[PDB]
Amino acid sequence: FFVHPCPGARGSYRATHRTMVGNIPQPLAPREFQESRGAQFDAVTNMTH
Amino acid sequence: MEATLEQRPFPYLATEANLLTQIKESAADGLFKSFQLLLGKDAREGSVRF
Amino acid sequence: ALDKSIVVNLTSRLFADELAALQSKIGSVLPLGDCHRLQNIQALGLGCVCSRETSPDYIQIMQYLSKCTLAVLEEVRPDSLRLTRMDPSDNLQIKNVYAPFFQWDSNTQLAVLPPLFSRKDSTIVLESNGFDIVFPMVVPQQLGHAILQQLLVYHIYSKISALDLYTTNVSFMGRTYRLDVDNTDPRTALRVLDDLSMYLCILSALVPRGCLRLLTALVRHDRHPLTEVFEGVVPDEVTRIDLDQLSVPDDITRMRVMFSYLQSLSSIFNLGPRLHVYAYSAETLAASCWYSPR
Amino acid sequence: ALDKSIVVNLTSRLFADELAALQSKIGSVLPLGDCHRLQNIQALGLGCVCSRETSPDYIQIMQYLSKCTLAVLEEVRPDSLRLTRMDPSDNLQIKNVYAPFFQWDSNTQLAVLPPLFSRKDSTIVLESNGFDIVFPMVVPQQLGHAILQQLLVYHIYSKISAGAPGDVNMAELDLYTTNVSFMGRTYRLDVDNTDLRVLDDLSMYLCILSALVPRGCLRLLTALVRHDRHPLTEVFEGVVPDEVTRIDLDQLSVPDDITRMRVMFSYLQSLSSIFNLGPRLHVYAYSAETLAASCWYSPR
Amino acid sequence: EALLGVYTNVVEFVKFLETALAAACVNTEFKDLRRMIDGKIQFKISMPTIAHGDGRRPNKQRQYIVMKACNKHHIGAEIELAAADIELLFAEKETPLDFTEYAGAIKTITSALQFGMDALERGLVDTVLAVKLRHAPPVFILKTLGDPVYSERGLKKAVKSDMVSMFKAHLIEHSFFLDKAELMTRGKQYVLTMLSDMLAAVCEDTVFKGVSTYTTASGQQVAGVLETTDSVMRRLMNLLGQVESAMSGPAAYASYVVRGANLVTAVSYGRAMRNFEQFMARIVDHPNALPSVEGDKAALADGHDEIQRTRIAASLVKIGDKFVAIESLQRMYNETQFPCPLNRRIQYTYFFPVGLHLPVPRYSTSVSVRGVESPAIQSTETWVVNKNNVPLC
Amino acid sequence: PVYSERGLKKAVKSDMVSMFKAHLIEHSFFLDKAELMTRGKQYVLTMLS
Amino acid sequence: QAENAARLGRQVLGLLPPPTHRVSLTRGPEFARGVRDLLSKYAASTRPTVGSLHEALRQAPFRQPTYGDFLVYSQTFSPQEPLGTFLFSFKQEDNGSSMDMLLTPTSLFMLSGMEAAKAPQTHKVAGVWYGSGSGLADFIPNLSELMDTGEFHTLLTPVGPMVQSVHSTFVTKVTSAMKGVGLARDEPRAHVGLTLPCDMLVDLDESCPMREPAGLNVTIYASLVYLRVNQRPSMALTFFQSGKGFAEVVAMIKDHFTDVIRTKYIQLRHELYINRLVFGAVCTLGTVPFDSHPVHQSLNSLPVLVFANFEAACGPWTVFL
Amino acid sequence: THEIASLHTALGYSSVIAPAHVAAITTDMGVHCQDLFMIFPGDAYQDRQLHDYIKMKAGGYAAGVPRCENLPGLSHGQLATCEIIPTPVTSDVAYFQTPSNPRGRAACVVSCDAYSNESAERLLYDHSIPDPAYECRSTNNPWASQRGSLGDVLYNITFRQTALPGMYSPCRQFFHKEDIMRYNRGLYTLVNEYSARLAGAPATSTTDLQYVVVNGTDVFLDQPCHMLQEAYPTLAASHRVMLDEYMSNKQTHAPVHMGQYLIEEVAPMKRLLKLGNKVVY
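Protein chains in written order, with the authors' numbering: chain B, 542 to 590; chain L, 1 to 50; chain W, 2 to 163, 174 to 305; chain E, 2 to 196, 201 to 305; chain R, 51 to 443; chain P, 198 to 246; chain V, 4 to 213, 217 to 306, 311 to 331; chain U, 1083 to 1141, 1155 to 1376.
Quick caveat, the hints were computed from the structure, so don't treat them as lab data.
Check the hints yourself; a few may be wrong.
[As the list claims (entries may be wrong)] As a list, the in silico BS3-like pairs of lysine-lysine whose alpha-carbon atoms are at most 27 Å apart:
# : chain 1 : residue 1 : chain 2 : residue 2
1 : W       : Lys68     : E       : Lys68
2 : R       : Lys437    : P       : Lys210
3 : R       : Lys110    : R       : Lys206
Work out the full structure: start from the sequences and follow the hints.
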């Protein structure tokens, strides 16, 4: 979400959808969590580094 | 309290002097405020309640 | 339970002249204007709408007839008349007199009508009082409809002319009769003919194409009983409307609104009330019936 | 303190097969041309009008329906029936036995119609006296005006096929006409592959109207031209078709348009008289699993 | 083949006066609820105070005015009668077959008449027991308020939530106390302390407290009626005695007659008094006498001294010192395929998470698990034990 | 009568079915299970009554 | 309690329908001496003693209408009503088993969307009784479509007045009455009349002196007109009252909905839809003894008429145009 | 007809009801979720080419009693409903053992002053004030208790009655603004509403699913989660393990691991869990 006005008028409530998972901000998904999701992700489709 | 009319069934009393002159015209044209009509079947003792 | 009697006060003693025709119609039907036991003469006749000096029309008279209460005579005393009253649901004794004499039976079907053949016959005048008394005329509804059929004919053809074997004769099996039309008001018959364009032209719009094609299968090689009006000739109109190829569900919704408005044509071709007779004698001309405000 | 009881005596006893078909109902509706208390069987059906030898018709029933007196069964003894008279604005109990089975609803409106359906579904043939008794067709009014509606469409397009069958497809006919969609419910009637002929005279009428009726309005439009002529009827040039306004009254002579404009209005009344309804009874309360109703009669 | 009998069922008449509920009401016969609009009740509550010599503004005395009303109710019974009965009720009675048909059809209508009485006697029981639950707090909204120690102060923000964290101290532990009464070690002295908690916490205050309404044998005292089901009553007949099984109640009702000068204000004005003679002796006959207790009981008792006593049987048990009667209101409902109104149905909510995470310094308080240890795992499910004890993902 | 008088609907029938089991497992063989009870000789009398 | 069986035998055996007059032969000339209610004239003595006219008072005709018990979604029927309103039954499908929907005259204004330019009095009134319109249209999403083809009036079966209401928060019990004069449940020996809102009534008798006779009857009529506002379908209920017979009124109603017709048929001048040509119909509701007078009333404000001794003979819709 | 005038004589609570004997759990404590395709069928996606995919990949009345066609029988009692609130990944387990709200902020209104709109709103939907429960965090989430949040977008809505029967949703009990502000009054009046009255849209009884109730002539339910405005927790274990360690030893229970946890149930009723034959009270 964000708030902006028309030029010389009142403020509006206009929005976007955060598309990828990584556009969730850090205090909802910390860097230790998002790393621990990829390791679960790694052992399903079984990519070998 | 604004003390107004009531239709409760009193033991009414009637005088000697008549009243019935000009009444059909006068009560229809505001001779006295708060007048109550009687049209046939309504002319009876009202149902008491309390 | 109830009493159904209307005595009528009268302000002049009867002559032997005005007793004569009243004694003839000792049991008959006449409407009146009120609902009281006692009654003054200016309501008894129908002649508060069918007068002499006016030029009355019967549509207004018939429209007047559905308002009023209806009543049956009992006696003619010289002081004063005497009548009896017709409730919504009642069993009575009715006994017809009226002049072009038809015949009834059990399970017949009646309608109260204005005097439509002779104003001079049906209206006796009481010159001892001056106000005449006009009588209505009970007719079976097959002819009760058929006069109103013939009346709305006449006011059309008088105006476009602006003959009498055609325009003013109500036909019936056995006798062909003669109407009484010289001085009628054409304006309450104008209003009835006003509403007919509000049906007869609207029914012309949604004319079902399937029901049109049947006529070419009918009148072109197939003499039927009631189709002889066309006389074996197609009209020019049906040749012009049926260019389409038919379709079933299009003539469903057309045939719904066609079905709905024809339920409303009663509201312009009304009668007055009705009299469904359940018992009838021939040697007395007595009959019992039940009224219906309808 | 009035009384009403209509006993119908008989000549012959009923068979053990017929009485069970007459115990199948115990309360229904019979037209009954009577006011007496004892009566012979030649009136309690519709065989006085609708019988085998003469062909059946649909006005003469509907004439006889409003003319007649309705009545309700109470009991079938082997010797005799026992009907109950129907007073105007009475109150009694009604079950249905009618074919096919149109499910009721409480607080509805009923009309009384003739059976135009299958004869095995319609009537109960007596062999004890060799005389039919026929029941009227008790349908709610919206369904009754819709069950007539598409069957009357169905009979007209039949005659087109016998003249030239390349105009109506029967799959288009047996899909949009024999289907009733009311109360969210579907129904299916009898197509009658025996040959119908009850509703033919309406199709004799309403199609003979459809050349007379739109011919009829052009004379009425040029009739009473004034400045008294009613202001609503200016509007209805927009409704009348473009082709209708190109007709002369020239070719049809003045002595012939008399014979039109009497016969014009004559069908337009007698068709109103049957589309406006018959004798009726309103039903206020009802239960489905008993099929018993609660009525109040409304005459006409 | 053979008939071997027609067997009958005659319902025993349950009158409302001879139940065990009459101790929880005060019965007055009455004339016209179709006429009466309301019934006013005036409370005059004085309130003494303390003169104390602290440094404080003293307080004037007080006075309280409390308004009450009545409650309208309606009861409707619906007799059917068949028409063939109604005709030969007025039959001419001239044949020897009629005396098994006339007498066999009067038993359709007099059975249906006494049917109309028994639908009415439900309404005397049901519409009381409905309304006695319309004015019914639970336990936990009473006892925390039945402590005077908390309403000594005002009801300011401290005393409010101090109650709120005691409504839940009573909800979580002491609910369903008979279900806990088996699996506790003590048992019998847990129901007794739960119930005697309930009994003396009911602030009765009983305006008719002087009126000797319902005595037992030997002149003792009845202090109310607890009304339960039967599955609970059989648990209480074993834990508690039926020590006397004898009481005394009214043989009639209390009248309400508008004879005399009640009628004059009834017709001419709206209002109409109650015991207008007693109200007259306070004003014109012997006035200005100060209100005392010993002159109340000859007037506070409406007629409830003078109704003749009788013999009523029910269950009686000592609890503390207050005798309590126990009822069985299932015969009034389980005969007739109607629900019983005592068997209420408590619902709840259940809060529940799934799919979570924990912060950086993870740990393991654990007896023993060899299995899931790594931080690479992320659990994405939960498990609930069912009502019927099956864990579902 | 506490169970059935809602009418035997779809739910009430099968909640009885899970009481043909919690009474089957627990309260069966009421003589034999009441000889290894600490209370013992009262459990028989309550099962009888 | 032994005297309680008396009062349920007094008011019961004395309150029975009068039996059929059936008397056996062999007593003789007795069958006339039970006939009393046919006798209509009486011995008008010197002073009317009530002990001398009691038989002319004890006798009475047999008058009783019929009640119909309903069930209500407690939103459709507002928790207060003036006890003499008019009703319907909008029945569409057998949804549950004991399910029903009713319509007050104020509600059918709210379901419609017809404007205060046709009715500026009850528009302010019904806004507090119900929602902003969408509180009732949730039950029928077909109201955009049933109003197009004009099939709406086929589903309203009129009922008449009200008698008794047992109201709750969830289920509202409505005991209506057909055929009319129904005893109340508050007070015995009363007769619940009918009431209508003053905005919805339009009377037809008032004229210049200029003459029209009266009868025993005046017949309250109902109506409906499928008009169009904001290029959207929207009905138009009005009332009609006349003791003028059915012949005049269809010709008289077109003098009332006159200008509305000239507005609409400019819209379908440019396009043809055979489902649209229907316009509206007329019901029939019952009879009032003409020479009776409507007393005005007041609510919160709202003027409401009244009619005494209404009896409710219903009737269907006939499409006038 | 027969009409009774009943009266309340003394001004004391003289009628106490008490829940004593449990008889039959009916509503399964089941796992079945609630599907907004049957609560909001009036909406769909913009492209029907894709809305015809999701309903495939995910998923009336009879004799006056509601009855779903897609279950011809249950076994585990009345099949309950389960609901959906997106919640942050870093929410705290220590909130979840405690009887509290599904919201972020607690919501007990009785503590506020009487007849105040503003002083009662400041509990619910503010954030400068901390929680009345915690004080370091000021709300458990501004994704279910922010003034415009999804805890308000889903369930501020009063019950729209429909001819088709609606189904019950327990999250309305904790999210609806107008029903909670009815408890603004002093708590003696809050006794007298709790006995006779009834709130907005409670759940059914003797049905198949959890429908909305619309009859009132039979309902007996007195749920206290109206009044006290909290929601109790029951058992959960993000791996299978900790159920076993719950029932093996209760005293030396392990409540928290690195990735897994448990919530012990706290409820006014207490059952006997019976995996195998080990019995936890």
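Verification of the hints:
1. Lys68(W) to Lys68(E): OK: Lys68(W) and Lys68(E) at ~24 Å, within 27 Å.
2. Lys437(R) to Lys210(P): holds (16 Å)
3. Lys110(R) to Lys206(R): Holds: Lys110(R) and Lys206(R) sit about 23 Å apart, inside 27 Å.
In this structure, every one of the numbered hints holds.
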